[PDB]
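Put together the whole structure using the sequences plus the hints.
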Amino acid sequence: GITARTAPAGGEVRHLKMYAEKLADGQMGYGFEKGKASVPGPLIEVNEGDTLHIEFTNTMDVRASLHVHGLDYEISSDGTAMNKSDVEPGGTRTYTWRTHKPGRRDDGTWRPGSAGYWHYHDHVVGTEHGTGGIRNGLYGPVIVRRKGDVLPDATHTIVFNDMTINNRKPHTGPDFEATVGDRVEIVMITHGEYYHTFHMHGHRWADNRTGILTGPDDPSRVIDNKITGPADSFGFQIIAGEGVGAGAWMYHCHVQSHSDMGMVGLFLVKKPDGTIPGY
Amino acid sequence: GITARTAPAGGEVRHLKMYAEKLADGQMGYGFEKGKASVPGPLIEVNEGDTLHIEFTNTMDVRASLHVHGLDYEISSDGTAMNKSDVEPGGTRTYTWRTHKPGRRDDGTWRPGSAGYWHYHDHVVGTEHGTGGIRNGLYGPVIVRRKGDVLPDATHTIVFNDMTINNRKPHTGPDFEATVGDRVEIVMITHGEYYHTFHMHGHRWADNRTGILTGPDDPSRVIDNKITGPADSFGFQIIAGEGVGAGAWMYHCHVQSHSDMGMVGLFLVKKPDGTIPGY
Amino acid sequence: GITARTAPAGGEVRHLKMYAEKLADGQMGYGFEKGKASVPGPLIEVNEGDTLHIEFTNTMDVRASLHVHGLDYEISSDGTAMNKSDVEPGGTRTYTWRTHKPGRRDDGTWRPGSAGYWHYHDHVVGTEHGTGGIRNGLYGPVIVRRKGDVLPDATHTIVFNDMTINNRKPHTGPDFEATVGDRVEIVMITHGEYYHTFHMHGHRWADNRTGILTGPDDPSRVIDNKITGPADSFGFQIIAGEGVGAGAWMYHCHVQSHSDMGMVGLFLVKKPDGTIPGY
Ligand SMILES: [Cu+2]
Ligand SMILES: [Cu+2]
Ligand SMILES: [Cu+2]
Ligand SMILES: [Cu+2]
Ligand SMILES: [Cu+2]
Ligand SMILES: [Cu+2]
Ligand SMILES: [Cu+2]
Ligand SMILES: [Cu+2]
Ligand SMILES: [Cu+2]
Ligand SMILES: [Cu+2]
Ligand SMILES: [Cu+2]
Ligand SMILES: [Cu+2]
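Protein chains in written order, with the entry's author numbering: chain A, 36 to 314; chain A', 36 to 314; chain A'', 36 to 314. A prime marks a further copy of an entry chain.
Just to be clear, a hint being listed does not mean it is correct.
Where chains are identical, the list cannot tell them apart; a pair therefore holds if satisfied intra-copy or between any two copies.
[What the hints assert, rightly or not] Below, a list of computed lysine-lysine pairs in the DSSO-like style, where the Cα atoms sit at most 30 Å apart: (1) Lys306 to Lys136; (2) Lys182 to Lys136; (3) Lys119 to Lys204; (4) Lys71 to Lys119; (5) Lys119 to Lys69.
These aren't lab readings, by the way, just hints derived from the structure by calculation.
Below, the structure written as structure tokens:
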């Protein structure tokens with residue numbers, strides 16, 4: 036676009052602290068600040084070409100780690116036990132993530148860039164595949180922008196983790212709010228044991244990298260329903276209420292017993308007066 | 036194409052009656068006419084820009100509704116209990132579905148059009164997610180054509196609903212018939228509890244919006260096998276017997292115990308004399 | 036590309052022998068030579084336009100067959116019981132597979148070519164859907180190249196067959212080896228009863244036909260995680276260790292209990308001295 040904000044060229048070196056901690060109720064979560072850990076962990080958004088040094092501190096009583104999808108990392112920052120890149124209790128390690136722009140290789144072929152919707156999670160809590168860590172909440176989203184990507188007003192993360200959304204008790208959302216016309220970005224991630232189908236009432240997106248059609252040539256299927264499995268991640272943007280107006284629009288897993296057993300939430304799209312028709 | 040028939044520009048306002056009724060054997064189905072209800076319900080095909088007013092009448096003894104994927108609807112035509120848009124027994128409600136062409140937004144971005152393979156189903160029978168209604172047969176296909184889309188000779192709907200095809204008893208098809216050379220469109224929909232993989236012997240299509248490659252630039256994978264989950268919908272066209280000739284070509288779920296337990300049917304492609312080699 | 040090797044135009048008629056045999060331990064596998072049967076069966080790679088005549092011999096004590104995805108075959112070479120194209124014990128049959136280039140049809144539309152990542156398997160051992168044959172190991176990969184496709188240094192086949200990789204005992208790989216910079220092709224196939232998610236540490240590919248982006252216009256999502264179901268097949272190429280260096284990079288099903296129960300292997304990327312950092 037040319038009036039929406041778009042991502043700039045990347046290439047910063049960025050530093051950042053993360054903590055893994057046990058939560059009072061038995062869950063585990065990441066944070067940028069000790070005592071401010073969340074499930075999902077905080078969004079990490081960078082631009083293609085950025086380099087990110089994460090001073091990670093495991094504050095728990097068991098070994099834990101930080102593993103990322105899609106981004107360039109050396110085996111040093113694998114986050115696995117095998118490759119000795121996990122972290123002892125109370126320990127601190129610096130993971131490094133790099134990203135790159137697309138371009139021609141010398142053999143004439145086209146190297147894909149790092150741009151996309153990704154995620155990070157533990158790889159050593161409970162099992163050598165982080166099964167316990169993931170079940171407990173050690174997962175969070177990563178976004179890598181390509182230069183020129185359209186930027187949203189807000190970004191929400193929805194994680195189907197086993198039979199929960201964002202580790203919440205059945206039928207407790209989360210719910211999100213927008214005003215009609217808002218540019219809303221969704222990062223959607225699945226974890227655990229089961230397949231799901233993500234569905235949104237009243238909105239749809241493109242089944243490509245960005246969730247947006249480039250222009251009239253993009254043959255990508257347009258959808259409002261997408262099957263997902265453990266560690267899948269995709270994202271998209273929509274205009275809230277576009278062509279459909281305000282309302283309490285559901286989103287849910289469309290697997291019938293999942294939605295029945297509580298994998299449901301609300302996308303509350305409001306008129307400017309903050310009202311929602313019949314809610 | 037330029038010799039195949041193609042869809043015209045849309046923009047009609049269309050009216051239409053639908054009924055939901057209980058069938059003699061305990062199933063539930065939609066119809067355009069009372070007493071002519073089917074599972075799957077009738078195809079609804081429109082053009083991008085069309086508006087469709089459906090005079091829906093619930094003739095059953097329990098509340099029922101009509102919910103659609105992909106198409107523009109206001110929350111009034113949500114078809115959910117929450118938003119008060121379901122229908123009392125013997126009641127009548129007018130749902131409205133709109134569709135739109137793609138184009139530029141003012142922010143410079145590209146709005147996707149409504150064009151695609153979609154579906155409709157109940158959202159309130161049995162549970163607040165229509166689990167009972169869907170299991171009983173309250174589902175049907177919707178097609179939205181983009182101006183210039185290639186039109187087929189015939190359109191067949193295949194629905195993997197839990198462990199059945201089109202709610203049929205195991206190993207009872209459906210079977211479809213074509214003559215070699217026919218342009219056959221398939222709308223494929225999944226419902227219920229399970230994932231599946233749809234497979235066709237002897238034919239293949241594009242994994243994009245239409246199931247057809249635009250021309251040589253379309254990088255879409257060409258496939259004869261596709262994993263699907265509850266509420267997924269896609270469609271495609273093939274030339275019957277193209278490059279392979281007449282025959283009784285199977286289609287089935289490729290999940291091994293599903294095909295074994297009966298999720299199988301026949302695509303009977305005939306020579307002009309109506310014969311099928313070795314059948 | 037223009038320095039990588041690329042596939043030539045097709046159109047050869049090729050002949051070839053295959054055998055199905057029972058293995059000493061109770062499995063079943065295909066081979067190009069009697070006594071040299073493998074699970075997965077040997078790669079069959081051809082060019083668009085090639086024709087392949089396979090002199091198939093069933094050396095087992097039960098009926099068996101050869102069924103292929105994606106490629107053109109007449110119903111004579113269906114490989115099914117129904118269509119009488121399976122093979123009696125000790126019997127010999129000649130299957131024929133053809134392939135075609137894409138191009139314009141007379142109706143003006145675009146016929147897709149045969150190019151892609153496909154597979155072959157039994158259709159009659161154990162059940163009329165080859166459930167027993169597939170479980171026992173009667174499956175192998177097929178690659179059809181389009182003229183101009185980039186050719187790799189090596190091609191590896193990974194098959195998630197029920198809860199095994201390539202029918203191996205849990206936690207026994209397979210492992211693959213490359214040197215940093217190698218062009219590695221992966222053909223990934225799923226069989227049996229379950230869905231999976233294929234994941235690779237440290238590498239990513241395009242979710243299109245080839246696994247490679249054409250250039251900057253290709254909107255295909257770039258991924259390192261892909262959900263798959265029975266009879267799904269896709270493929271891709273990566274540069275070993277590109278942007279990430281040498282190391283013992285894991286690949287696994289990301290379904291948590293699968294990786295835990297053993298669906299894991301190693302992509303061993305080496306420095307030229309053959310060493311792998313921390314292994
Ligand atoms: Cu891993
Ligand atoms: Cu679910
Ligand atoms: Cu819906
Ligand atoms: Cu992961
Ligand atoms: Cu719903
Ligand atoms: Cu199935
Ligand atoms: Cu097949
Ligand atoms: Cu639905
Ligand atoms: Cu079959
Ligand atoms: Cu698995
Ligand atoms: Cu990983
Ligand atoms: Cu098959």
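Original post:
Between copies, within a copy, both or neither: which fits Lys119 and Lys69 at Cα up to 30 Å?
Top reply: Answer is within; shortest intra-copy Cα gap is 25 Å, inter-copy 45 Å.
Original post:
Under a CA distance limit of 30 Å, which applies to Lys119 and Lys204: within one copy, between copies, both, or neither?
Top reply: between (35 Å within a copy, 26 Å between copies)
**OP:** Evaluate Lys182 and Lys136 at a C-alpha cut-off of 30 Å and name the case that applies: within, between, both or neither.
**Re:** Intra 9 Å, inter 28 Å, cutoff 30 Å: intra and inter.
Original post:
Using 30 Å as the alpha-carbon threshold, which applies to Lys71 and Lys119: within, between, both, or neither?
Top reply: Result: close within a single copy only, 28 Å intra versus 40 Å inter.
**OP:** State whether the alpha carbon distance between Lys306 and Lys136 is at most 30 Å within one copy, between copies, both, or neither.
**Re:** Cα proximity of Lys306 and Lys136: across copies only (25 Å, versus 40 Å in one copy).
Checked against the numbered hints given earlier, this structure breaks none of them.
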